[PDB]
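**Q** Residues per chain are reported as follows:
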Amino acid sequence: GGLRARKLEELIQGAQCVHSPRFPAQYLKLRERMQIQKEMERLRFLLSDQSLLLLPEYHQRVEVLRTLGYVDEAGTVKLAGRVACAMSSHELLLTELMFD
Amino acid sequence: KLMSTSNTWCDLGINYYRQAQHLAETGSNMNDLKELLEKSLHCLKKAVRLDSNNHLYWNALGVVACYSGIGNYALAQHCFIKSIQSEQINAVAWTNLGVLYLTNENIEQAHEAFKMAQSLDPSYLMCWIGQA
Amino acid sequence: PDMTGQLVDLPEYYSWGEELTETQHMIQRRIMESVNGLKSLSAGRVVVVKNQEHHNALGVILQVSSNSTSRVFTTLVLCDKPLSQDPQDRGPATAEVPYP
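Protein chains in written order, with PDB author numbering: chain A, 998 to 1097; chain B, 771 to 902; chain C, 799 to 898.
No lab work stands behind these hints: they were computed from the structure. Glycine included, every Cβ here is placed at the ideal spot set by N, Cα and C. There's no promise every hint is true.
Pairwise CB distance ranges, derived in the manner of DEER restraints [unchecked claim]:
1. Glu851(C) x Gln1032(A): 22 to 30 Å
2. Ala1071(A) x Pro799(C): 52 to 60 Å
3. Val833(C) x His1056(A): 38 to 46 Å
4. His1056(A) x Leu839(C): 44 to 52 Å
5. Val845(C) x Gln1013(A): 49 to 57 Å
6. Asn777(B) x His1056(A): 42 to 50 Å
7. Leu1025(A) x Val806(C): 12 to 20 Å
8. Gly803(C) x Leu1052(A): 56 to 64 Å
9. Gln1032(A) x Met824(C): 14 to 22 Å
10. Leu1050(A) x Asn874(B): 22 to 30 Å
With a Cα cut of at most 30 Å, we get these calculated BS3-like pairs of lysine-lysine [said to hold, decoys possible]:
11. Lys1075(A) x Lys852(B)
12. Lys816(B) x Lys804(B)
13. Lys848(C) x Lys1026(A)
14. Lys1035(A) x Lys837(C)
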């Protein structure tokens, strides 16, 4: 971080906008738009699907299904999957035992 | 005559198909049932064009198209594919494609169609018979 | 806006300005958050005070409060002698752009 600070100081000491005639106004407008855009981005993330805490675990579960023969690519149930659907408990182990 | 709807058109086509099938199966004639088959195709095509978003009409046209007297397999394959696309949950259409592939010496691809079809409906009889 | 020319680095400079500040604050946390900083903070210490009250005025700490949980530093800080008695002269001004 300190090295990044040093490099940022080095870059800050050479800006061309500081010498531009229209430095303050355009800059404040840029501040407003970036702040608002960032707030929108966070808002959309809260409104998106990645906000769900358990989504990576859902993906991991579908992958575990796909390595065995229960779900086709793009999520269509296979015969073993529909067999393990109507099962009381330990669906995976019992249906795997049946096919083996 | 007094109420022109699509379902009656499709049923009329199926009835003409049955009459032709009966005449052929008793060896009673051949090449004298041609008009009956063309009438059947005409009725099914009229029904399909009347409402071309129904898997039933595409499926019926496909099955008739592959009758031994007509023997137009490309149209049958097209009709079954259209029926499958129209409504994806269709074991009947998949099994009919499986039969089409199986009779024309395509064991692998017919196996693919039958296995997927029973994947969609585990208690359909014809898919199991095809697998056997 | 149009940034072609003297304004080319105006947004990127801005980014360099923003990120840098968080780093000082991170550094600033790593200043107050450290046990050794918490030990150095005592009498005989000169500090730079930055808030709405003191804007980078140099101050010298007189004492550190005994409750090191709520660390209240009684500190002598220089400010302009108030040549006024009325809070009405303070009003919103141009948003201070970060210069080099």
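**Q** Give me the numbers of the hints this structure contradicts, sorted from smallest to largest.
**A** 2, 5, 8, 10, 14
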